[PDB]
Structure formats: C-alpha cells, structure tokens
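A single chain, nothing else alongside it, follows as structure tokens in the form solved without this ligand.
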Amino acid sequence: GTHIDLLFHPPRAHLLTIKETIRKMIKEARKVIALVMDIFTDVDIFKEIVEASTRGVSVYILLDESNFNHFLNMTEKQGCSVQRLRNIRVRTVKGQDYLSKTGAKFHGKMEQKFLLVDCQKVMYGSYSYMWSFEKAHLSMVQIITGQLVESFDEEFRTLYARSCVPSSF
C-alpha cells in the first residue's frame, strides 16, 4: 500500500524543487508537523513552520545536538524568540557515547533527515535545510505515502523519547 516518488536537487524532470515541495507539505499540514534534521538554517522554511504553528498546527522539531547553535543563531537573527512559541517544541538528539584515545568522552551525531506531516506523508533523504544544499550540493529525497509512513511515526516517537531540552534553553 506504499507509494514512493523521487525528487533531486538540482531538479531533473519534475516541476518543483525539493525546497518548494517542503513548503507545500508544511502549508498543507492540518494537525501535526514532525521534523528530524541535522542542520537547520533556512529562513524561508522556518517562516513556513512558524506560520503553520499560528494556525494551530502542533510542531515537534528534533535537531542534532552538536549543530543546534546554528539554528538558534538563525532564529535570533530573524528576531524570533522561538522558545516562547508554545505550539512548537524544539529538542536535541545526541549520537552514541564513545571514548577517544586521550580518554575524553565524546558523543557522535544523529545522521537522520525526514519530515512527517499529519501521520500521512513523509519526505526522506539527504537534503539538509541550509544554503549549501540549494547552491553547492547534489542531493535526493523520497516522497512517501501509505503503510511505510507508520514506521517513520514509530521512529519519530522513539527519537522524541531519547531527545532532551536544549542546554541553551
């Protein structure tokens, strides 16, 4: 019962860019937006999420811990105190704990990127929400509907359980 389409950046035969398709998915949200992302500095996509939250959509954002300050820096430059928006919850996720050969205890990264809307549609792939993925890199995503979406919902709830309030907050 699963359907999958592919999109590329730079775009191939398809009408819309990956970024235009992200904006469409957020505009079409009725209930819930769930986002897992490694680096998030794109102001246009951020503005779309904030607008969704003002019309009553619940928004849950999970960001890689080591890159969180880039998101916080962007929201501040835009004049937005995001921690005051009650309809948006932002939390951070760490990778595995490991020890370096000088004995220090480090953690790695959450290497995971997907957008899950109304428990009904997913965008999954290698595109991160930053300028370099518009101007510099080659990337691809899947647009997913049907039974497989339930597996992405289960993984989002598992990462949300692991996630923490950001230390800056």
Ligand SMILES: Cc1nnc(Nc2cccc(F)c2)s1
The other form holds:
2 protein chains.
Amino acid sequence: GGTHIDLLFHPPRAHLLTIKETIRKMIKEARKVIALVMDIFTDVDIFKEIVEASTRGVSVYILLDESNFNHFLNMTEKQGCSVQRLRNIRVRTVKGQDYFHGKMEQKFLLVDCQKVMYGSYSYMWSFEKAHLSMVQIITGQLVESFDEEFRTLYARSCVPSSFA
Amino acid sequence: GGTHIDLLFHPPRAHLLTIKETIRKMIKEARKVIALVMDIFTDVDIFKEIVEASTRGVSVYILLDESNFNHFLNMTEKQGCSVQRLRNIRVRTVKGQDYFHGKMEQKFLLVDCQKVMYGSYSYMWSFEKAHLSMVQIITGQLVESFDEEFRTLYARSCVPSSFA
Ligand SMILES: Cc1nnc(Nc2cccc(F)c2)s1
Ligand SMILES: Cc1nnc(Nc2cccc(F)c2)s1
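With the form solved without this ligand done, generate the form solved in complex with this ligand in the same format.
What follows is the entire complex, opening with the chain shown before.
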C-alpha cells in the first residue's frame, strides 16, 4: 500500500510523451470517473477528450476557479458544445476569500481513483507552447488524499451563475 | 531509500501549522543550502527568514520567473535590503518561450538536499490571506529529482538586467 511518483516536464526531459499527450492518454483511458480541478481551462483538445470520455459513460466532475470561469465558458461556446446539456459532466466553480478576487490556486487531474496528475500545468495553449512546467504522475495510496481533497473542494463549490 | 509525502493546505486541514509557518520553519532550520524556485516573491516575512538564513552562512540560490522579477526587486528595495550585496544569496531569472511572455510556471523550496515543499503556494500576501492552495512536504528519494530539476533550471537562468 505504497505510492509511486514519476515526474514529467515541459519541455520533456527523459520521457517520451509531453504533459499534454499524457493528459489526453489519461482521459482516453478513463473507465469510470474523471475529477478535474483547474485554474484556467481553454485547451480545446483536452476539452474534446473529456467530452468524448463522457459519451463513453465516464462521469466527469470539473471544478474551475470562479474568476477565470468565463474563459472556459467562451471556449465551450466557440466549440458549439454547451456543457450544461452534456449529461455525464458537472461543472462547478470554487473561489478563495476576496479583498481583487481570492482564487482556487490548485490543480490536478484524478482518473478512476487510480492515477493523479498533479503540478503546474494549466489547460491552456500557453502551457503547450510558451511556459515551462512540471507535473507528477501519482499512483497508490496518496491518490486517496486527492480523492478526499476533491470532495472537500466540491463541497465548497457553487453552480456557475450562467447555469439555470 | 523510499519517499515520504505529507500534504498541507491553505486553509489548514488536519495539521497544526499553516503553509507559511511551515515555509518559515523550513528556512529557519536550514543548515547548508536553500534552493528556491518561485513565480512571484513579494512576501516580506519569508524574505526576512531567507536573509537571516544567509547571515548564518546558508547558501541561498533563488530562481524567479523573469516576467515577475520586478515585483521581487521592488520588495527588496522597500525593505532596504539590496540582494546583489548579500554575499550568500544568488538570484537569477528564468523564462519560457515568448509569443505575451513565456513564463517559468514551477515552484518549489528545497532545503539541505533533505526536504522539499512542492505545490501551488506563491510567496505573496494573497496566498496567506486570499487564495486556496496546497503543497506537499517531500522527503527521501524524490528530493534528488528536485535537486536535478533545480540544477537544470539554474543552467538555463540569466543574471537579472539590473545586476551589474
Ligand atoms: C476521485 C473522486 N472524488 N469523488 C468522486 N466522486 C464524487 C461523487 C460525488 C461528489 C463528488 F464531488 C465527487 S470520484
Ligand atoms: C538542491 C541543490 N541544487 N544544487 C545545489 N547547489 C548548486 C550549486 C551550483 C549551482 C546550482 F544551481 C546549485 S543544492
């Protein structure tokens, strides 16, 4: 009942896949659940993979930082893919304490209660093309702590204003 | 030769110290080296702890995202604590590929090649007062990978424009 961690980098260092490819593979291989916490979500390829998972019957829960939520909504609209009407996906927002918006500065992807990607990669074109980042691929016991954190966040999340 | 990971949260969840307190304790207990990678560094209390470590003889290496470096410089000036003249501290900047600045979106604190804090907490007042975040405290074998990443980043870092 241990934990295993591999590191991945952007740009890649001593591994065959990029972080984006690894994200898409994790989502592609999802069998049951995807739980995503993300600060900014505008990457169309990743969104497509998630939409496709939900059509296979995977339950998708997404928590987005409230202050950047409009960027995700804009992307979903551009793609003609209204997220409210997709039945296997629920999207809710999370914020911090305001003073200037307090933000949810956490991100991670958890698939099938089995594997977590945790790190500094945000789901935006800029992270594929411009920024340096790193993530961990986590399996084993520590995944349970990410499950618990997701549940904690989900409990403090709100329905986005737009959804009625 | 395993790895141990504890999670900490802001706000705290089932641990006695905040992330900021844990940062200050790690720096206070540093005996040999501090290697810091940080996107934005404006927290004066953390800066003071680092300056104090360097006066005990701890070697301090700091890598900052180039595009936000001026915020650190402003803070060091406000504190009357010119970083160029402090002999045990070297500060260098890192950037990504531009298109809008490409950024170093990585952060971590490594102390004494023994302990790493890795997560989403940036050294700014907003992370103490406004934002939700989480970090890992990592000890054991995985610390060596953070040592290697620090060295990799340091190799691609530049002297800040201001320093002459
Ligand atoms: C990892 C996972 N975290 N919980 C899972 N599912 C779930 C069910 C109800 C509410 C909620 F927020 C999440 S699977
Ligand atoms: C963890 C640590 N990472 N390397 C350490 N020291 C060091 C020495 C020369 C250049 C440099 F970038 C770093 S200690």
